[PDB]
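Q: Produce the entire structure from the sequences given, and follow the hints as far as they go.
2 protein chains.
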Amino acid sequence: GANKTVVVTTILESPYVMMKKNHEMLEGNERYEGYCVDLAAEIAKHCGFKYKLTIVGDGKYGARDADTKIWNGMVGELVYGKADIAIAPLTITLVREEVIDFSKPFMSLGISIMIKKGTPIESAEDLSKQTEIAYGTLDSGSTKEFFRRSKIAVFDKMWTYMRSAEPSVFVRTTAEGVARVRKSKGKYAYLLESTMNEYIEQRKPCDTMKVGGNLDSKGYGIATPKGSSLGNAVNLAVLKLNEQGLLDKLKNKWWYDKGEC
Amino acid sequence: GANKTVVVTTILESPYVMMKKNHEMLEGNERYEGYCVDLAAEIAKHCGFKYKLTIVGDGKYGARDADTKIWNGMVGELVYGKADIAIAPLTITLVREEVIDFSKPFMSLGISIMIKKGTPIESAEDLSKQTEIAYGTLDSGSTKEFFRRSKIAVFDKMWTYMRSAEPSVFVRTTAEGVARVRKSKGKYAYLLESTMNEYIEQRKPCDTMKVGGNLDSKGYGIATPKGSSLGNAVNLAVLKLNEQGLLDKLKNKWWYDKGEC
Ligand SMILES: N[C@@H](CC(=O)O)C(=O)O
Ligand SMILES: N[C@@H](CC(=O)O)C(=O)O
Ligand SMILES: [Zn+2]
Ligand SMILES: [Zn+2]
Ligand SMILES: [Zn+2]
Ligand SMILES: [Zn+2]
Ligand SMILES: [Zn+2]
Ligand SMILES: [Zn+2]
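Line order of the protein sequences matches chains A and A'. A prime marks a further copy of an entry chain.
Under the entry's author numbering, the residues of the first sequence are numbered 1 to 261, in order.
Under the entry's author numbering, the residues of the second sequence are numbered 1 to 261, in order.
No wet-lab data here; the hints were simulated from the structure.
Ideal Cβ placement from N, Cα and C applies to all residues, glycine included.
One or more of the hints may lead you astray.
Derived list of chain A stretches under chain A', where covered just means 3 residues or more per stretch with a C-beta under 8 Å from a C-beta of chain A' [said to hold, decoys possible]:
#1 71-83
#2 99-109
#3 234-241
A: Here it is in structure tokens:
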């Protein structure tokens with residue numbers, strides 16, 4: 001049938017999608033800036049579609065409730081037909097690939113440790129062998145699921161602590177986790193994807209850092225509903241953008257050219 | 001129909017697939033060892049197939065001849081029906097994804113510079129601004145195509161030199177490129193994937209090293225003929241193996257546990 005405007009679901013996560021200063025009271029795609037905003041414009045150009053950027057209503061990446069079996073987050077928006085594509089830092093995982101389609105990855109990353117500068121922690125193993133410094137992850141995402149599912153001794157030990165810690169060590173958004181590190185006087189460390197860790201390390205007040213290697217290796221992909229005819233073109237477009245060096249240009253633009261430290 | 005033994009095409013490239021010592025005169029899959037041999041056994045177990053490992057007849061990864069338009073290498077074995085799957089360090093690229101299917105990546109890598117220790121080169125830009133030290137890549141692969149196609153000033157400059165250099169700066173196999181670095185007294189540098197560079201750096205005689213950052217970011221995938229029904233299960237299997245930490249275990253086993261330096 002006739003061309004239709006593609007509904008894009010995404011999430012407010014710096015530096016992927018951010019509200020431009022003084023654009024809050026305005027309308028349309030032009031309100032937003034970031035790596036994924038630029039990436040959306042390129043995918044749409046190469047695939048030949050018009051699009052509307054929307055922020056996921058529940059502010060979540062996507063997980064399946066064990067009770068209701070209902071998917072939430074951006075994943076849920078695709079699964080239930082509320083959006084046509086997700087262009088966001090959405091991690092490719094087995095349980096998600098069973099219900100939605102993903103392009104080849106547009107960025108690599110791994111889970112990493114964020115600390116307030118001077119915290120006496122260098123590794124996951126260090127966190128796991130002590131009790132003075134609390135630590136946690138984002139809720140409703142792949143990082144939490146990594147720990148929940150791990151059979152690796154250090155990570156299993158970490159999960160056993162995290163799952164029963166009071167008050168909750170989990171946070172609703174990256175920003176909350178970062179604020180909690182900064183206000184903790186060193187007594188909270190945040191487990192998050194290396195991409196966001198590395199970005200925050202380059203922002204004022206320049207009081208956090210990434211420590212240790214990554215805990216795993218994975219990627220973000222552009223997601224479409226299962227069997228969507230958009231998937232083929234989107235996938236080829238990601239591969240073209242990588243080979244043209246466009247994805248590398250965008251990474252430098254939004255991480256390191258914007259550096260404040 | 002009835003189950004059939006899956007023909008696996010792969011390539012003799014250390015430490016992915018290697019002939020075991022004293023197994024040359026023997027028969028069957030047990031002759032070979034390496035990261036991809038172990039990976040094949042896991043994919044086959046998770047997908048539920050029996051398989052026969054075969055080494056690609058022409059010893060190439062795969063490129064399309066501009067004249068005949070015929071694909072060679074492992075890609076050609078899939079395209080023309082000679083094999084059912086490729087389990088090898090086969091780089092996911094746009095031109096390949098147009099003719100074969102790839103799983104999500106099982107390993108990340110980038111093009112990198114190998115030098116003989118003491119060579120006064122720290123970067124691609126350094127190579128491009130001088131003439132005393134020759135440099136080249138493997139033929140019939142993604143590294144060569146990267147330079148051929150690049151619009152980035154430094155890489156375009158490098159291609160312009162490489163394509164007309166005499167004697168040829170290209171080599172037939174990784175081993176030839178490595179031997180050429182070692183025998184060059186510093187006057188040849190080899191451009192190759194970071195995975196192989198990092199492996200060689202840990203082997204006797206411990207006279208080479210990787211210098212500088214990677215030139216790009218990409219991945220290896222398991223490849224199947226376009227539209228193959230094996231593709232779905234293979235893809236889910238790669239994602240499972242990554243999440244179980246199996247791929248990381250295999251990397252350490254074949255790179256760093258085997259380290260001789
Ligand atoms: N990017 C992740 C968020 C996280 O859990 O760190 C996701 O897709 O769930
Ligand atoms: N792994 C590469 C080989 C190379 O060109 O470095 C390929 O698939 O072509
Ligand atoms: Zn504006
Ligand atoms: Zn473009
Ligand atoms: Zn447990
Ligand atoms: Zn044996
Ligand atoms: Zn397994
Ligand atoms: Zn040129």
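Q: Hints first: check each against the structure and report whether it holds.
A: Structure-based check of all given hints:
no.: 1; hint: 71-83; in the structure: violated (count 0)
no.: 2; hint: 99-109; in the structure: holds (count 4)
no.: 3; hint: 234-241; in the structure: holds (count 4)
When each numbered hint is compared with the structure, a violation occurs for hint 1 only.
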